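== subunit A ==
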Amino acid sequence: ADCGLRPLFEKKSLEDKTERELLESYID
Partner candidate 1 sequence: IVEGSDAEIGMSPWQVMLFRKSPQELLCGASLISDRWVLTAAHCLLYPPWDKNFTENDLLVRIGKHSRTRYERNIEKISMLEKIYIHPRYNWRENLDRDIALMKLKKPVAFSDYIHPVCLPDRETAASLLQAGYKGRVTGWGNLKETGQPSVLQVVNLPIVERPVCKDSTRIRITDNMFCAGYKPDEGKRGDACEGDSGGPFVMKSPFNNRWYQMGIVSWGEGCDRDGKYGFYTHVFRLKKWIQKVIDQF
Partner candidate 2 sequence: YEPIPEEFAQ
């Protein structure tokens, strides 16, 4: 259903301390 969407982050549109490092590594 709504798997992978965290209540305290994605759900409130807040990011965790190091998730950007992950997204920055996903070169197009």
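In the analysis below, contacts are C-beta pairs under 8 Å (C-beta built on N, C-alpha and C of every residue); 3 or more make two chains touch, one makes a residue touch a chain; residues count from 1.
On the choice of candidates, all candidates are chains of the complex that A comes from, given by their letters.
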Given options 1 or 2, the chain of this complex that touches subunit A: 1
Complex contacts: residues of subunit A adjacent to candidate 1: 3-10, 16-19, 21-23, 25-27
